[PDB]
Amino acid sequence: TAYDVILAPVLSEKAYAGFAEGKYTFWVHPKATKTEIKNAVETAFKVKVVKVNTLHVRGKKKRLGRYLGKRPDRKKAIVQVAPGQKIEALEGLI
Amino acid sequence: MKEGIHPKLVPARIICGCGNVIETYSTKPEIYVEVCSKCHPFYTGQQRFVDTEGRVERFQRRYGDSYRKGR
Amino acid sequence: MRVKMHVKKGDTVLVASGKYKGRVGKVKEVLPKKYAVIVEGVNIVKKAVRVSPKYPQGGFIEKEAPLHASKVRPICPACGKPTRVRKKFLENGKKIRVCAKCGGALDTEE
Amino acid sequence: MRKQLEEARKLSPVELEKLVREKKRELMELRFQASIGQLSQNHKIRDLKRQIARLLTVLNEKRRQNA
RNA sequence: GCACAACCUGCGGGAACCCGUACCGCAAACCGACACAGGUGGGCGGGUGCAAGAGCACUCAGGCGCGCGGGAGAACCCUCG
RNA sequence: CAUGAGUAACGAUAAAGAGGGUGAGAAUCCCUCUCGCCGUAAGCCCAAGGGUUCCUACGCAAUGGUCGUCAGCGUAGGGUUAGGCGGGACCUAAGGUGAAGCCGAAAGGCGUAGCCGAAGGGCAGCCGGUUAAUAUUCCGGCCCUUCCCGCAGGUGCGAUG
RNA sequence: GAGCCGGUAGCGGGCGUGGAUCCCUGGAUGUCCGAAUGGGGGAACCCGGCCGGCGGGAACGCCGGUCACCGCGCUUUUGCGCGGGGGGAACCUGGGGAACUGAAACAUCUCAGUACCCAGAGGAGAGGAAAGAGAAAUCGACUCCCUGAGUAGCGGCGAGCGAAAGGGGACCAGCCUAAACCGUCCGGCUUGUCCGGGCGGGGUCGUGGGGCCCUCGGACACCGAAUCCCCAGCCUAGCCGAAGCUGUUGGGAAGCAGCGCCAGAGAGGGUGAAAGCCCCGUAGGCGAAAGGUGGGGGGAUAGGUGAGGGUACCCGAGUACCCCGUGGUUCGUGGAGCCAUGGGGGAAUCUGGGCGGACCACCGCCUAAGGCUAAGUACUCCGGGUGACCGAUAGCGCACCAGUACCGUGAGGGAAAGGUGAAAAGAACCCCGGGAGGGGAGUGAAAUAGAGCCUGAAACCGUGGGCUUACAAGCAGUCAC
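Protein chains in written order, with our numbering: chain L, 317 to 410; chain A, -18 to 52; chain Z, 10 to 119; chain D, 9 to 75.
Rather than coming from a laboratory, the hints here were simulated on the basis of the structure.
Hints may be right or wrong, so weigh each one.
[Said to hold, decoys possible] Chain L residues, not near chain D, derived (Cβ > 10 Å throughout):
(1) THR317
(2) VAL321
(3) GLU329
(4) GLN401
[Stated by the list, open to error] Computed list of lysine-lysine pairs in BS3-like fashion (alpha-carbon distance at most 25 Å, straight line):
(5) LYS347(L) <-> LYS57(D)
(6) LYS354(L) <-> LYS376(L)
(7) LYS386(L) <-> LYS364(L)
(8) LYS378(L) <-> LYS339(L)
(9) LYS37(Z) <-> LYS13(Z)
(10) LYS362(L) <-> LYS26(D)
(11) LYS42(Z) <-> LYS96(Z)
(12) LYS55(Z) <-> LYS17(Z)
(13) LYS354(L) <-> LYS339(L)
(14) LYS31(D) <-> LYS362(L)
(15) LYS72(Z) <-> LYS37(Z)
(16) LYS18(Z) <-> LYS35(Z)
(17) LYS11(D) <-> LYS70(D)
(18) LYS367(L) <-> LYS386(L)
(19) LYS386(L) <-> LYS339(L)
(20) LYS347(L) <-> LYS330(L)
(21) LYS17(Z) <-> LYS30(Z)
(22) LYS339(L) <-> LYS376(L)
(23) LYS57(D) <-> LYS391(L)
(24) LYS386(L) <-> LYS376(L)
(25) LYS402(L) <-> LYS26(D)
(26) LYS391(L) <-> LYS330(L)
(27) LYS11(D) <-> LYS347(L)
(28) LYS110(Z) <-> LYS28(Z)
(29) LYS42(Z) <-> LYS63(Z)
(30) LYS31(D) <-> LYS354(L)
(31) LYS103(Z) <-> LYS18(Z)
(32) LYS364(L) <-> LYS70(D)
(33) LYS354(L) <-> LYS26(D)
(34) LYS31(D) <-> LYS402(L)
[Stated by the list, open to error] Derived Cβ-Cβ restraints for the label pairs, each shown as a range:
(35) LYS18(D) <-> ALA398(L): 37 to 43 Å
(36) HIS51(D) <-> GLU337(L): 34 to 40 Å
(37) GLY400(L) <-> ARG17(D): 43 to 49 Å
(38) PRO75(Z) <-> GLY408(L): 35 to 41 Å
Cβ coordinates follow ideal geometry from the N, Cα and C atoms, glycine included.
Please work from the sequences and hints to get the whole structure.
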């Protein structure tokens, strides 16, 4: 309770280009306030929170032998930089 | 509840009927009237000390009001 | 054959079997006594995968089932297992003692 | 790391505070890892979580003792 | 209270979160237990011609070709001359 | 599990014919070329309601009223983000609730006030460009919105009765 | 006691005899909904006001601690400090309370105070020390069982319905308060001498209590948890624990055979086909803990009980009682009693007053119009065990991803499917093929044991073989040949 962390980067393709020049996209604690995004963002990666937007998605179509389901809840949020800093290794990475 | 008495309980039941008589007169009982009903008292009031009421119910009333009249 | 057991890594005999030739009990569960005596398996003529040689057929088959194995063997083979008399300050020593004896002392061998 | 049980015993207010916080961050590191080293990681994840968990068990014990 | 730091008004600076879009959607995805010709709300409804016009006939864009095929084609119900 | 039955039936008399292609197999998939029927709809559009699916990639034994290398089918992965669009962060009627109050054998009946409660009120952006895929949400050009800190100028300012 | 990262075994990585898996008892956050209560709201999601915090400060926004309502008593000013509420298969008390069907119609009647709506206390409540019984100069709380008669009786005396004291049994504490009188006291009004409310002695058990006079009196009684300490019964973990091998037919043996074996423990299951001596911490007996629960046995804690006569009396209920209007009860209207209440009347302090006999004269009875609770019959969610109780269409419907699929708007209805084998060794590999699937090799004791795969029959369709059949009218057949 108060363990700041609240996310998992958007290893997502399309989301790549943004990482590429100025914005970055990730999966975030389905719940964090957008200002929550700004803070986790800022103190976490020592940056400059710019433009913080959000989207959400649940799962559809998972057949399980004799019964079925479709998954849980994956949350999406995108935040941009001010200069183009931080996330380096992550980005060079994927 | 919202209409029993105030000075005890007098709010309820009643099964009854009749038909007719003619017994130790000339015969048996013209027997029958499978009926059901209510059965109760009345309302009224006085004053604590400038500004009041009572509400209550009938008799129990009269004696009572007399009582707290004593105080 | 329950939440409780017989020998463990131990080293014991096969009565009603096909081998009897006792030896290293490579592993033994808690509930299904499921124990492998490394005494009779097969090949599972493997996947056809490169999992096993790209030209496969697994070798060491050894899941030991039946429980007629005569666990424990001191200078004596088929023997039940005793318990204790403690003898020393805080002494469980549920070692195995009957006729000959074996307790699997933490030394020279299991 | 019963030993860690010990360190635990050892620290207090702001201490345990930033300890569990930073450690937590560490596990974040893990979160990140969700697609890199991985293999020997496993444990950093499960255990690390158990660890920090303890961290909290303690804070509770101590400040609870308090108020 | 204000009135010396309340409101009206410029410039600078700084802020602004929660849930929402995909696509189907006069319809095989919405309602009739079916890829059921039934019903289901508002937006000009392109054009030519017709006195007028969302009716008429051919079309603009845009949309199809209904989803089981080929075959001779007599009875006879259907539809129509 | 049989039976009429391998006859009745394929969901609209808005017709289709070719060439080449891909395929284990293509009347029934793909391009392209002839051709008919819509067009005032078989248009697009917002909304409702559906809630997968949409896409991209593999696959078809089930499913389509046979096909079927096609799919809204199966398997996997990715896909919608908006101070200014919408709704709440505001308003309220019918209307529900309901502190009061009147009221029932009990459970309730009735109910001002305040509240909840609407494509009925009110409110600050538009257009051109970019994805397999979403847009006035993204990019860009252009036009603003209130609220906070300040400062600068200006005032009996200061309810929501 | 030495192995585990639940049902997944697989991948990819691990912790542990410096008690790791895990069995138990108490621990910590303990998301959002749900009584919800800070507010709203189509619950499980959106709002807000106070102190703390961090960040880009203010605005933003999260952790956080935060803030219904009720009635309840306390300092009228804490509105501080409590209570409840919300449940629950059946049992349970009271509240309100029905047609069928019977009476072969059916209106009294009947099912019945039964079904059901409700409110509510529990772990069990219910009732529970007599204005009782009953008539013997008798009993003695209440509750539940057997009996009491299905008589005594209730009634279109019809269908029907149907007691109670006693006796046998079981389980056996009894205890209390306003009850003006005492005095005390504070408030009173208004002052003297009334009421009001606190302490008491009185605080009626089968009848006194108080105040005056005298005999009085100087250690055994515990509660309904008064209360506390214990062997706390268990909770779930514990522990031991009886005796065979050789052979042998078998894929097997625990089986046929040989000899040797146990037994305060031949209950059963489990170990490749039927073991006392093989598996089982069982019957044998014993085991055990610092938590969560108490009856016992005993202690202490023991409120409070526990004397005698005398004397003008004042001291348990606001309605007893009587008229009609009604409930109970074996009572349905009746000669109809007692308790019980809706109307109007409308009082007695132990010469008191209801009760036995409608009522009157008797004797007798009990002591009413307040309070408390144990113990013996009920009930079944949940645990344990036993079954001339069931085998997968019976059993709970439900034997295991059945109260879910799926129909209905909601209310609501409400399936099916158990087994491959002994163990996975469950199918490398070669061959037709797009695939499935098909022939081989290996499996093996069998694979006509092959994955819906044990035993696997009837029905129906199929491949081959025998007899039979184109001038035939007949369920069928069937006797004959």
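Taking the hints in turn, this is what the structure says about them:
1. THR317: violated (8 Å)
2. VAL321: violated (4 Å)
3. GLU329: holds (14 Å)
4. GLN401: holds (18 Å)
5. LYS347(L) <-> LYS57(D): Distance of about 21 Å is within 25 Å: holds.
6. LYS354(L) <-> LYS376(L): Violated. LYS354(L) to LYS376(L) sits at ~30 Å, over the 25 Å cutoff.
7. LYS386(L) <-> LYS364(L): violated (37 Å)
8. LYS378(L) <-> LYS339(L): violated (32 Å)
9. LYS37(Z) <-> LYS13(Z): holds (11 Å)
10. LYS362(L) <-> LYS26(D): holds (18 Å)
11. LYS42(Z) <-> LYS96(Z): violated (31 Å)
12. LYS55(Z) <-> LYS17(Z): With Cα atoms ~29 Å apart, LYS55(Z) and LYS17(Z) exceed 25 Å; violated.
13. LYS354(L) <-> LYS339(L): Holds: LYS354(L) and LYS339(L) sit about 13 Å apart, inside 25 Å.
14. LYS31(D) <-> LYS362(L): Holds - the C-alpha atoms of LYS362(L) and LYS31(D) are around 18 Å apart, at most 25 Å.
15. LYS72(Z) <-> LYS37(Z): With a Cα-Cα distance of about 10 Å, the restraint between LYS72(Z) and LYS37(Z) holds, given a limit of 25 Å.
16. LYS18(Z) <-> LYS35(Z): holds (6 Å)
17. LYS11(D) <-> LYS70(D): holds (18 Å)
18. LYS367(L) <-> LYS386(L): Violated, because 32 Å separates the two Cα atoms, which is more than 25 Å.
19. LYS386(L) <-> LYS339(L): It is violated: about 31 Å lies between the C-alpha atoms, which goes past 25 Å.
20. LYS347(L) <-> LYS330(L): Satisfied, since the Cα-Cα distance of roughly 23 Å is no more than 25 Å.
21. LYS17(Z) <-> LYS30(Z): Roughly 17 Å separates the two Cα atoms, so the pair holds.
22. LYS339(L) <-> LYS376(L): Judged against 25 Å, a Cα distance of about 28 Å means the pair is violated.
23. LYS57(D) <-> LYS391(L): holds (22 Å)
24. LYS386(L) <-> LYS376(L): holds (5 Å)
25. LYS402(L) <-> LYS26(D): Within the cut-off at roughly 23 Å; holds.
26. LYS391(L) <-> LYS330(L): holds (16 Å)
27. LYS11(D) <-> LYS347(L): violated (36 Å)
28. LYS110(Z) <-> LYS28(Z): Between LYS110(Z) and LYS28(Z) the Cα gap is close to 23 Å, so the pair holds against 25 Å.
29. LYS42(Z) <-> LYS63(Z): Violated. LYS42(Z) to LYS63(Z) sits at ~34 Å, over the 25 Å cutoff.
30. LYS31(D) <-> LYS354(L): At roughly 22 Å apart (the allowed maximum being 25 Å), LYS354(L) and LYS31(D) satisfy the hint.
31. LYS103(Z) <-> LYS18(Z): The given pair, whose Cα atoms are some 16 Å apart, holds under the 25 Å limit.
32. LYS364(L) <-> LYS70(D): This hinted pair is violated, its Cα atoms lying about 37 Å apart.
33. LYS354(L) <-> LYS26(D): Satisfied, since the Cα-Cα distance of roughly 21 Å is no more than 25 Å.
34. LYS31(D) <-> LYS402(L): holds (21 Å)
35. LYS18(D) <-> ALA398(L): 37 to 43 Å: holds (41 Å)
36. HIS51(D) <-> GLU337(L): 34 to 40 Å: holds (37 Å)
37. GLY400(L) <-> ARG17(D): 43 to 49 Å: holds (46 Å)
38. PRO75(Z) <-> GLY408(L): 35 to 41 Å: violated (60 Å)
Violated hints for the displayed structure, listed by number in ascending order: 1, 2, 6, 7, 8, 11, 12, 18, 19, 22, 27, 29, 32 and 38.
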